[PDB]
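First, one chain by itself: the form deposited without the partner chain, in structure tokens.
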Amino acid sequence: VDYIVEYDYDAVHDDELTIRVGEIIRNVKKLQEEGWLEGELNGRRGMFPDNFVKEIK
């Protein structure tokens, strides 16, 4: 499942992904923590909040 980034988000720690409007995050998985997803961008995996992105269907 891929997601499209709809709002910029900036990582505040290493395990988070910095993401930018229009980029596709690939292979997104849900986390135990509510409000957070994990996925791959540009060869790197990290988490980010789910309100910045939209599931591509």
The other form holds:
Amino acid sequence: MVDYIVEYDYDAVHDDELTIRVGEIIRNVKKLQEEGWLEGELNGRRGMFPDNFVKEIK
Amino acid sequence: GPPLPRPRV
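Based on the form deposited without the partner chain presented above, generate the structure block for the form solved in complex with the partner chain.
Now the complete complex, all chains and molecules, led by this one.
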């Protein structure tokens, strides 16, 4: 469930991270071993992104 | 506070 919304942009540094822009919706967000990051789907891709750059949806 | 990404691993 929990799809989140971007509030601050970010540019994927690491191969596995996403590039996100404010206002966008990330789907199927899942928590990971790593602290402070979340896994999601965007523009047909899954990647990690900072849990402190968005907000849950509900 | 313009967010900062917590470093990895």
